[PDB]
Each structure stands twice: as C-alpha cells, then as structure tokens.
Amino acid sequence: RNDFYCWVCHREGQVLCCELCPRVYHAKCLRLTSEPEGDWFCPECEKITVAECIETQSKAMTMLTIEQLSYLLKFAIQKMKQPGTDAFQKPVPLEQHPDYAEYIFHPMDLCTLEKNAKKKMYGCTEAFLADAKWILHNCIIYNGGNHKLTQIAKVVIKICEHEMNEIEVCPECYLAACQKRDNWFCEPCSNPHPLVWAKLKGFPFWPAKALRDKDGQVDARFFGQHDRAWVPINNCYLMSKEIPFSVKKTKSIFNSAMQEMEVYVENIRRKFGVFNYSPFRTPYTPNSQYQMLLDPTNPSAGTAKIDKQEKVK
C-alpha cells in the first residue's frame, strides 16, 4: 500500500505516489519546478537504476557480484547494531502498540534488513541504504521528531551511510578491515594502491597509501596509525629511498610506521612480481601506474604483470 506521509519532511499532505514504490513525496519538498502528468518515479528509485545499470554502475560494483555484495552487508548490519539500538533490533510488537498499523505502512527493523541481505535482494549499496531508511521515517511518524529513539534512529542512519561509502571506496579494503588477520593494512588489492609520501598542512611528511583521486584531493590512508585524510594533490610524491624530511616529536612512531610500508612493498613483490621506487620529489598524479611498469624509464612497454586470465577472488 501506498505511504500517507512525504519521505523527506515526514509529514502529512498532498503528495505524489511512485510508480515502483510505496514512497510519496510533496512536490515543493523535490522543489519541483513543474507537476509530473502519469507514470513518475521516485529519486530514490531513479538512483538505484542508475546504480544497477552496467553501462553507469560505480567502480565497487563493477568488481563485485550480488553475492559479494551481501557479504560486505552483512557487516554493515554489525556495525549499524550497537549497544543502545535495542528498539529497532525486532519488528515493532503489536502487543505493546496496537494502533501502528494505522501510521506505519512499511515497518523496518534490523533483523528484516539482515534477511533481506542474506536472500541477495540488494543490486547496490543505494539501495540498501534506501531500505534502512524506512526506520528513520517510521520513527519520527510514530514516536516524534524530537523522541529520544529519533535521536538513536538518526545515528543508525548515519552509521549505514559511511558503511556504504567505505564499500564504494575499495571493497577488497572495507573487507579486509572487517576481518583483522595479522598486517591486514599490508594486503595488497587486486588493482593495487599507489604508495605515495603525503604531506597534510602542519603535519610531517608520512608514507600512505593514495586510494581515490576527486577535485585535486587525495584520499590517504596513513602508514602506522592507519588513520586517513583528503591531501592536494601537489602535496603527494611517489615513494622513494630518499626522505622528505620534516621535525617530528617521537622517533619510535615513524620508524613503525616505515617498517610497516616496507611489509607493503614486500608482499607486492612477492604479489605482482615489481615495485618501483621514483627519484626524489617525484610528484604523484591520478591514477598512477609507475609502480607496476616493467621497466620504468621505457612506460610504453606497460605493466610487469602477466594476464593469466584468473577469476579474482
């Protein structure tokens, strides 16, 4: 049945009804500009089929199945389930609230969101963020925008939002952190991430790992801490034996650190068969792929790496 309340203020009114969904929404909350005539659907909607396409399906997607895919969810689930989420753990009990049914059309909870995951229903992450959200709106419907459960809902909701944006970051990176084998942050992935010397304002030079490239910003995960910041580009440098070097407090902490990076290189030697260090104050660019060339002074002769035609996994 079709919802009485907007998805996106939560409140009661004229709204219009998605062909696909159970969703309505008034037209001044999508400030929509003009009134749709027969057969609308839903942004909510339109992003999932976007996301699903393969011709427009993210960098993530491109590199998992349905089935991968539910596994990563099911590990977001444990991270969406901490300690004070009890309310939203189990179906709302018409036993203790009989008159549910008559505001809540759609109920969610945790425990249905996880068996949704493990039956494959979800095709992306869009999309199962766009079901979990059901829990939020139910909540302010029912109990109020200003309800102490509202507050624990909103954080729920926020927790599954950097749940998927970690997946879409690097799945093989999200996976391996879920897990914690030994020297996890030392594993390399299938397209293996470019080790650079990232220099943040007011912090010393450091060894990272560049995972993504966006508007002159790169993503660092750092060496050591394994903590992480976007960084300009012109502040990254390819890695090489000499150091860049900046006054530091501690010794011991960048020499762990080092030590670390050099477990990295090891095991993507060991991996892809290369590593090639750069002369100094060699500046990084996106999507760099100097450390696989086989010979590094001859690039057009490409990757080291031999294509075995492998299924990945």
Second form
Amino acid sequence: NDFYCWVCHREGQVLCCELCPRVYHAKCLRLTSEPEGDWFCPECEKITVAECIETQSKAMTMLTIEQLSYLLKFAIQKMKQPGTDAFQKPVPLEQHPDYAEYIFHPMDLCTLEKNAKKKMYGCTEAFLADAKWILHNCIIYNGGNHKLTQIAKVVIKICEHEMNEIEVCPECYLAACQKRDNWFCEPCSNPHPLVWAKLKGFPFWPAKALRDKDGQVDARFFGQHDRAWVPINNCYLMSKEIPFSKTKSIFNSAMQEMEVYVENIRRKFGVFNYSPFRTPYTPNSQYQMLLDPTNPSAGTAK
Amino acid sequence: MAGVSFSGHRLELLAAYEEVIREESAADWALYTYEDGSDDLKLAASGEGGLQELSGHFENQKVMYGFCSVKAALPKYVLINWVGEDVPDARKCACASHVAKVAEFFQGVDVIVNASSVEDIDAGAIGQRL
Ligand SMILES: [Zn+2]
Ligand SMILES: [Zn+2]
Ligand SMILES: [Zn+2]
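Show the form solved in complex with its partner chain, please, the one above being the form deposited without its partner chain.
Expanding to the full complex; the earlier chain stays at the top.
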C-alpha cells in the first residue's frame, strides 16, 4: 500500500484500501464514522459501480472492452501534448536513485498505453483513476508547486476531458478521432435529434442535441463542430423554416452539411421527419424517427 | 476542463473569419486570443496587409491564433499557432491541445504554422509550404 494520501498527497495516519494500493486520511474523505471491516476506497467503489452491468453508463452498454480500449488509445495520444516528455516513459533509477523510496506505484503514459492495449480498463473511470497516479506521484516527488506538477495537471485535465467526450457519445468520439470524409455527417446508432440551437447574440444554428440536463441541451453545431449548452426553452426541432433570421455564408455551409447528414440518416434508418415551424425540442424527442409522423403508434426506425 | 470555448463572442469570431474568406472584402487576416483568466476565444484584431501586417500584432505574453488568407489563383488559408516566448510552459502545454479544435472552428485551414517570434513567420517559407 501507498504511504501518501490520495487526496492531499501528504503522509500521516491513513485508511488503506483493500483492493488497490491507495490510502486516504479520514479527514480527506470527510468521513463521519469509522469504517467497520474491510474498506474499499472511493476510486474502487466508483469503478465497481461503473463496471456493473446493471449500473454501467449508456456509453459502456454499447462498447465492448476492446472498442473502449481503442478509444483509450486515442485519448492517450491527446494526452501526449508537446511539453509532456517527463511523463511519457517510466522514471529511470539512473536519473533519480531515491525514486522508489517515495513512489509506491509508478505510472507513465507509456504504461497507460500498454495497459489499455492489454485491455485492462473496463470503463473510463478505471482509466482516469490509473492516469491520476502520474500527478499524485509528481506531487509527492517534486512538490505541488513544481513546474512538472503543472504539466501533470494539464495531462490529467486532458484525460478528464477525453473521458467525458467518450461518455457523451462513443460513436461521435471515434468519428471525430478518425476524421474521415464528412465525419460529422455520420448518424450514430441512436441518432441525436437535430435542433435549432441558440446562444446569446448568435442566430439560431443547426445542431445535434447530444443530451439534456436541468433545462439545457448540449448542442454540437453544424459547420463549426464545437459543442455548447443552449437553453431548452428556445430550442426547436429541425424544420424547413428557421425560427428567426446575419452571417449568411457560413450558415449556408452549415445548412448544406446538415442536409448531407439528413440524407445519410435517411439511408441508414429510412426516415427523417422535419418539424413544423417552431416546434419546441423536448427531451428524448422521437418525432424525427417516426415511421409515420401522422401516426406515432407505428413507432420509430429500429 | 472544457478547453477552448467559442460561445462567448461567437458572432464576432465568425464575422472576422467570414471577412477573411470573402473575396470582395479587403481584410485578409484575423487574430484571436484568449480572454484573461479564461479559455474563451475572443477577437483581438483584424485587417489587411496579409502575413506582413499580421506578424506585427502578436504579443509575447499571449497564446494567439492567426487566420490569414494568402493568394493569383484561389486563396489558401494559414493558421498561425502563436505562443509568446513569455507564456508559461504549462499554459503552452494546455493550449496545445486546443489548436485542432480552433482549426476545426475556422473551417478550411490549409496549413498550421507554429510560431514564437515574428521571425518564424516568413511569407516565402509559408508560400512554398502551400
Ligand atoms: Zn489527505
Ligand atoms: Zn481502492
Ligand atoms: Zn454521437
């Protein structure tokens, strides 16, 4: 087991996880009572939940461990930004002979890579938790205000970001990693409804509704291809007439790209139903995939 | 971290870029940078005079992105990935992961050129690259 706390990276009396090497201060878990018997730490428990078939994420249901490993390889590549040389290969004892005296569990991006390849991450949380060893160990051996520690903070933040992308949509993620011909125009297996998204001070814009949380929808914009939250309450299902009216040229480009997407959805699933003017987007909307918009009881495309 | 953001100021960013793409508009460069203490991109400046003029607006304390149109036939598009010599290494590292997303935002980038002094911005060398 590790001697330094997983949260504050300092020593002192700690609780020792029974599955993994990590250790925690009670104060740092904000414990309110003492654990009774064998103790599993928050990282182990999070992973246990995320990898249980009855409670896995929507991204994990649709991925096998091998597919997810491929996505993880892409994420490792995004973590090796220029400037990250100190973390790409295990620290040599020739450069730091005392290293093993402080770091109970070494970790580097190359090891992350090989482990991902050996298909030993069952979920994105497993992966980010393993990645954080790099930062933890950096803080222990170089100190929290070190320059290298600043870099390790960047790579753990890129890691968080990519894990989140994979979890929002694996298929989106893979298509954006490969960047094939018109990659943005490929429908996903559960196709995101197309909407007019609206940001302050910007016209209505064609977008993929990727998800809803607390009155917002996470729109991935045609043309520009970034993602941003927009209020549910001024969001409308894609239509032939625009909700209002600017910056014409790039808009026409985005429209063309959306129309290619519509054609692809029609070939993949057989339908795409445009909405009447200013039809408010609802969460988990299905109108666009209805076999007969007149008659919802017929169901949607499989 | 969400990373580079194009939400706040979106209209200004795309208005400058659209000016650069338009053949009729005189402007052939736009210059973007981050807002202080934030990952949201903002328009810093824009104008005519191509690479020669644009190299005059780069700041040594900032990460900036230069989108310049370069022409006798159809124009090609250069994105200058500027990192000032006085930008901290950690922020160079974080911003490095934004470049691709910026190129994706300003559709049609033909070449990306990394730069930290004006001397990295040679109109000839860039031209031969295209
Ligand atoms: Zn602690
Ligand atoms: Zn554990
Ligand atoms: Zn998707």
